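S.K.: Each chain, written out:
Number of protein chains: 2
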Amino acid sequence: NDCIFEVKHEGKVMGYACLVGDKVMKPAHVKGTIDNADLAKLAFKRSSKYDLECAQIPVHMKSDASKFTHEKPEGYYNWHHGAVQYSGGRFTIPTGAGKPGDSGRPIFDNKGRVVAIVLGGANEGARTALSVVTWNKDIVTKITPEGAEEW
Amino acid sequence: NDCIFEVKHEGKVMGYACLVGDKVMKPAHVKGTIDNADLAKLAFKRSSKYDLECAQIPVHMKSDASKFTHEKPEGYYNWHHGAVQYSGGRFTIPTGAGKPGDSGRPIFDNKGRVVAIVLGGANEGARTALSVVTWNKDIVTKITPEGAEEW
Numbered sequence: 111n112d113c114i115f116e117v118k119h120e121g122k123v124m125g126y127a128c129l130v131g132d133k134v135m136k137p138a139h140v141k142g143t144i145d146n147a148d149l150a151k152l153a154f155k156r157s158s159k160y161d162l163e164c165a166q167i168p169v170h171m172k173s174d175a176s177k178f179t180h181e182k183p184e185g186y187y188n189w190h191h192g193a194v195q196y197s198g199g200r201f202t203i204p205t206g207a208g209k210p211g212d213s214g215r216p217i218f219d220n221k222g223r224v225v226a227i228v229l230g231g232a233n234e235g236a237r238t239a240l241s242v243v244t245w246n247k248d249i250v251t252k253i254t255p256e257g258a259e260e261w
Numbered sequence: 111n112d113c114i115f116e117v118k119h120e121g122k123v124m125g126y127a128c129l130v131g132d133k134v135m136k137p138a139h140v141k142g143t144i145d146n147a148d149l150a151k152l153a154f155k156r157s158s159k160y161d162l163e164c165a166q167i168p169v170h171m172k173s174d175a176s177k178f179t180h181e182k183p184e185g186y187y188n189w190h191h192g193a194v195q196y197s198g199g200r201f202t203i204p205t206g207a208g209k210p211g212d213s214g215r216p217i218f219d220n221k222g223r224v225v226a227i228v229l230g231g232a233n234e235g236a237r238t239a240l241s242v243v244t245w246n247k248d249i250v251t252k253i254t255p256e257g258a259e260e261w
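Each protein sequence line maps, in turn, to chains T and R.
Residues 111 to 261, numbered by PDB author numbering, are exactly what the first sequence covers, in order.
Residues 111 to 261, numbered by PDB author numbering, are exactly what the second sequence covers, in order.
Bound conformation, chain T alone:
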C-alpha cells in the first residue's frame, strides 16, 4: 500500500520500486526515473547476475518500511491480482492474469511479511510459472524456469 512508488519514462508507466527492510530495491532491466523527489538523488549499486539494484533508505522515511522473513512453507499466498499457490518449490498463478509493466510487485505472507519480488515469467496453456528473486540465510538467489519471458 504505502511502500510502493511508481517509475515512469516519458509519461509511460514502466514499473514499481519497493521499500523492504532497510533497503530500496528495483529491477535492473526497467528504465525511467522514480517519482519521489528525494529518492531520485540517491546513488545505486548494480549486479547483472541478479538483475537487481539497491540503495540505502534515507533516515526520515524509515517508518514506512515493511517487515520480512525467510520461511517459505507450502500453502497459499496472495498478491494484487489474485491468489498464488506455492508447492514443490515453484510459484504459479492462473493463466491470463498479469500483463507487461507489472514487474516489481511484492508477494505477501499471511501476516504481511514480504517474501519475494516478481520479475517476468513463462506461459503455457492452463497455468503460468513465475520467475522470482528470493533470499535465504545471508544470501539471495534467482529462480528461473525454462522459456521465461520478461514482463
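If you're looking for bench data, these hints aren't it; they were derived computationally from the structure.
Each residue gets a CB set at the ideal place from its N, CA and C atoms; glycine is no exception.
The list that follows gives simulated cross-link-like pairs (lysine-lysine, DSS-like), each with its CA atoms no further than 27 Å apart:
#, chain 1, residue 1, chain 2, residue 2
1, R, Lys182, T, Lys182
2, T, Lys252, R, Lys247
3, R, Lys177, T, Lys182
4, T, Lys182, R, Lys172
5, R, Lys177, T, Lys252
6, R, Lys141, R, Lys155
7, R, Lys155, R, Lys177
8, R, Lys133, T, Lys252
9, T, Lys247, R, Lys247
Listed next, with one range per pair, are the computed distances between beta-carbon atoms:
#, chain 1, residue 1, chain 2, residue 2, range
10, T, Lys133, R, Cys113, 40 to 48 Å
11, R, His191, T, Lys159, 48 to 56 Å
12, R, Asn246, T, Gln195, 24 to 32 Å
Given the coordinates of chain T, assemble chain R onto it according to the supplied hints.
M.R.: Just chain R now, with coordinates in the frame of chain T:
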C-alpha cells in the same frame, strides 16, 4: 485420469505410458509407439538395468503431470482395479485381478501422489505379489519377488 496415454501396435494395446514430475516413463519390454503425435517424436534414453526409458516433457503439456512422493508408510493404496495393501515392505493384491497388457498403471496414495509403476507380478493361490519399480532420494530401485512373470 488425464495423465495416462496408450501405446499401440497394429491396432492392439500392450501397455501404457505415464507422465510423472517432468519426465515421461515407459516399461522397456513393451513394444510399439505412442498414439499422441507430439510425444512420438521425442528422443529417449534406455537402461536395461531397470526396464525404464525416459524423456523430457515439452513445455506446453507440463500442467497435466501428477505429484509424487517418497514416504511409504504402512496402509492401503488405490489403483485402477481396486485397493492395494502395503505391509512388510511388499505390495499385495487379491488374486484374479489384472491380465497381460495392463502394465504401466500408477499406484496412488490417499492424496493422489504417484509412488510406483507396476511391471508384472508373481503367481500365488490366495494373494498376488507385485513386481514394482519405486524410488528414493536420488536413486531408483527394482523390487522383484520370487517366481515373477512378465505382464
